[PDB]
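Colleague: For reference, the chains in residue letters:
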Amino acid sequence: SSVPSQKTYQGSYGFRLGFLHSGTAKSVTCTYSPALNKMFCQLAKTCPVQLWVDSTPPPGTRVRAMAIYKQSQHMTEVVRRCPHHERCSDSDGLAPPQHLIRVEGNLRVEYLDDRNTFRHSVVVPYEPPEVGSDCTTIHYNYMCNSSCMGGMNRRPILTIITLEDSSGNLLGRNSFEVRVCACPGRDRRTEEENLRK
Amino acid sequence: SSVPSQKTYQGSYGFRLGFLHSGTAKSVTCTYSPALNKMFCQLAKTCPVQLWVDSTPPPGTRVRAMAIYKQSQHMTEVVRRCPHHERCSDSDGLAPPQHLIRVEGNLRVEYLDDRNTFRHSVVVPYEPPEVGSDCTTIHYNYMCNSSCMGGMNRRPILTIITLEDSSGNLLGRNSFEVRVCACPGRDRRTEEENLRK
Amino acid sequence: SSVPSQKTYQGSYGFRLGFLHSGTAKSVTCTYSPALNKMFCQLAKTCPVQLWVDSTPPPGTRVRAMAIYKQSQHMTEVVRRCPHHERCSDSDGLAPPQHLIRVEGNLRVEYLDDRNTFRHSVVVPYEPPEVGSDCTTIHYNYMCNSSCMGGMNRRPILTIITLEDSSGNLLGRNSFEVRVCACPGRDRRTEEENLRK
Amino acid sequence: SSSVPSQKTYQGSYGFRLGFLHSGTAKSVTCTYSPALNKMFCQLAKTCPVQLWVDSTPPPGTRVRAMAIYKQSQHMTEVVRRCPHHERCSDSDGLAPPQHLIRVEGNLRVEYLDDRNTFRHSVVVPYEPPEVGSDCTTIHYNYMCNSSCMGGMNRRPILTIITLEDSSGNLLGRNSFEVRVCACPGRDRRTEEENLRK
DNA sequence: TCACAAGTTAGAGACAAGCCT
DNA sequence: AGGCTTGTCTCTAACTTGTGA
Ligand SMILES: [Zn+2]
Ligand SMILES: [Zn+2]
Ligand SMILES: [Zn+2]
Ligand SMILES: [Zn+2]
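Chains as they are written, first to last, in the deposited numbering: chain C, 95 to 291; chain D, 95 to 291; chain A, 95 to 291; chain B, 94 to 291.
Please note that a few of the clues may not be correct.
[As the list claims (entries may be wrong)] Straight line, CA to CA, 20 Å or less: simulated PhoX-like cross-link-like pairs of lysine-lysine:
1) A:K120 <-> A:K101
2) A:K120 <-> A:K132
3) D:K291 <-> D:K132
4) A:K101 <-> A:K139
5) A:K164 <-> C:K139
6) B:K139 <-> B:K101
7) D:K164 <-> B:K139
8) D:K291 <-> B:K120
9) A:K101 <-> A:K291
These are computed hints drawn from the structure, not numbers from a lab.
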């Protein structure tokens with residue numbers, strides 16, 4: 095219920111977000127719009143999100159992803175999966191059915207059903223970039239189209255990536271808008287070229 | 095799931111179906127296509143169906159309405175409501191959430207499934223035309239759009255109306271196709287003008 | 095399945111990959127394209143890969159070969175043999191049926207299943223160049239066409255050659271694209287001459 | 094290997110004949126029949142209408158079996174089944190076992206069979222008289238693998254044997270036709286015809 | 001009554017690509 | 001090996017179809 099802050103806060107470690115340049119090819123599964131700060135992606139397909147830091151955080155550091163409705167009218171409402179996809183039986187064996195945001199590839203992922211705020215969140219332990227890399231990449235999945243009747247229902251959302259210590263304190267925070275659709279390449283091009291109005 | 099017969103059969107009482115002429119307007123809620131034998135109607139809106147008989151059946155006679163998928167590859171599936179709509183709580187106080195076809199106004203209505211075929215059906219006791227009238231009218235509601243994700247899923251259906259004695263024996267039968275869409279007038283006009291081949 | 099990095103990393107030893115000049119003469123079994131960094135080869139045929147290093151590594155050092163899908167959409171998916179080639183009598187007695195990449199000769203070869211990751215890989219104990227030669231050559235086999243239905247399914251892959259300490263630490267890695275087809279000479283000549291567009 | 098059922102056309106005591114729909118070699122058709130080749134070109138999992146013609150209505154309890162056998166002699170004794178790939182992806186009919194190549198749409202009294210001795214796959218429906226004004230009974234068949242499926246039919250042509258049987262399985266009538274399951278029926282039929290003459 | 005939003009589908013040739021004249 | 005075989009791409013588009021000036 096209570097709205098988590100979305101204010102971009104790099105913190106003491108210079109926590110920034112990175113994405114791949116994929117282009118609006120109309121055959122792409124996931125693309126990012128720097129102008130809109132928005133990720134257009136297909137249902138249940140891979141969403142590569144990069145983590146850039148000026149300095150390596152202490153071990154036991156985890157990262158948290160949470161979805162919140164963008165419009166102020168809907169902010170108090172928890173982001174859940176539509177009743178259909180919830181009973182679709184597509185679980186990876188790790189993620190709860192109702193959760194929208196999943197993490198594939200990571201073995202020690204945890205899924206949170208917040209006792210008080212009722213909000214859904216997913217966490218993985220932070221890992222420094224492999225030797226010679228510049229950043230850590232996390233693959234996210236979104237388990238419902240933005241237009242799904244019974245959940246997001248054509249309401250745009252934001253994904254909040256939060257860097258936490260082992261205790262759960264805030265270290266860094268960044269965010270980006272997400273549209274889950276059938277044609278990311280088409281809808282990104284359309285939406286970008288509509289911003290002129 | 096064994097497929098109920100759909101062959102029309104007027105029987106010993108000359109059981110016929112009647113409909114209202116509403117015309118493919120722009121703001122119409124329900125419209126019947128004689129050429130297609132198909133009823134285009136909005137979600138949860140009133141669908142008037144008339145019952146015509148040559149001779150008044152014995153008392154205790156019941157009228158059943160059942161929905162089946164028209165296409166052969168889907169016939170063996172039970173027609174229900176989408177996971178979303180069966181949880182929206184729009185219940186009229188009488189109908190169970192998962193039933194697609196409702197009857198409004200009729201207090202002596204019963205909502206049934208079948209012991210073996212598992213199919214949903216709604217019944218009302220047949221009442222003769224009040225003196226002056228030549229038929230009796232039943233108001234049906236369809237509680238899911240034909241395109242409902244998780245429900246009918248863009249699959250067209252047939253509504254089978256059967257005249258039964260108290261025991262459940264067949265007395266008469268008729269049927270028609272149903273599209274539950276947002277714009278009945280538009281979609282009926284489209285399908286009819288597409289039949290020109 | 096943790097996504098293994100394709101970060102080309104020569105490390106402290108200057109680990110580089112070399113190949114034989116075989117030419118795109120139709121009727122070659124295995125050829126390498128320097129421009130594409132891509133190896134075109136026939137099914138189950140010998141693929142010579144030689145290892146170039148500035149300084150001889152300590153004994154107990156091993157060389158690991160692993161397959162991975164090039165595209166981001168499929169990167170999360172493990173690389174296996176098609177369901178058909180899995181169950182046909184191919185096994186040399188050493189290699190598991192599921193594994194795509196195997197090593198000819200080299201009796202000290204080991205194939206792992208990676209309980210946690212589930213990713214297939216094959217290892218060889220590193221042996222210094224024989225006297226006169228300036229590199230160590232390894233003969234690899236690819237046990238499925240790139241176009242194998244149910245397997246790679248026309249999706250291009252990369253082979254990740256990693257240099258490892260016995261404990262499994264990273265010393266250096268390189269990678270190259272692999273197309274397993276019927277006509278390597280034809281397909282290489284075609285793909286190279288298409289890059290001019 | 095597995096023994097070979099006879100393919101010889103035999104109309105029997107009831108004049109059992111096969112009928113097909115005239116569809117033409119369109120460039121977007123899903124199923125077409127070539128009278129010159131006695132061959133049906135069709136897409137995977139798409140409906141294949143097959144008609145059953147009889148002179149005299151046979152006794153009640155008589156059945157209709159459909160079975161696929163390889164046409165070429167060196168492959169006839171091999172059993173025809175779905176490729177290892179298509180076998181493992183749910184295509185479920187709601188009825189049909191995953192491994193069966195030939196399916197039947199609509200008919201709920203369908204049975205998917207496996208011979209005790211020949212180990213061959215076969216699909217059986219109870220014979221039902223023409224609902225007149227039809228002069229024949231039509232059956233919707235599916236083929237759940239392309240003829241070129243690696244690990245399956247593997248580009249080997251096949252024959253579909255339709256047999257009219259009594260309750261016990263005795264032969265009453267038998268006809269057959271060649272089947273190519275491809276992506277482009279209209280193209281492949283037009284090609285092979287324009288190759289047969291002359 | 002239109003225009004838009006946002007998921008599903010289609011054309012036949014131009015190719016991909018494995019196999020056999 | 002050249003020719004052919006045979007399934008896929010290209011993929012806008014046009015078509016669904018519910019929602020909105
Ligand atoms: Zn959904
Ligand atoms: Zn619904
Ligand atoms: Zn294979
Ligand atoms: Zn197959």
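Colleague: With reference to the structure, classify each hint as holding or not holding.
Modeller: Each hint, compared with the structure:
1. A:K120 <-> A:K101: violated, 33 Å
2. A:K120 <-> A:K132: holds, 17 Å
3. D:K291 <-> D:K132: holds, 19 Å
4. A:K101 <-> A:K139: The hint is violated at about 28 Å.
5. A:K164 <-> C:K139: holds, 15 Å
6. B:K139 <-> B:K101: This hinted pair is violated, its Cα atoms lying about 27 Å apart.
7. D:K164 <-> B:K139: Since the Cα atoms of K164 (chain D) and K139 (chain B) sit roughly 17 Å apart, the hinted pair holds (cutoff 20 Å).
8. D:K291 <-> B:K120: Since the Cα atoms of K291 (chain D) and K120 (chain B) sit roughly 19 Å apart, the hinted pair holds (cutoff 20 Å).
9. A:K101 <-> A:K291: Violated. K101 (chain A) to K291 (chain A) sits at ~28 Å, over the 20 Å cutoff.
The structure shown violates the earlier hints numbered 1, 4, 6 and 9.
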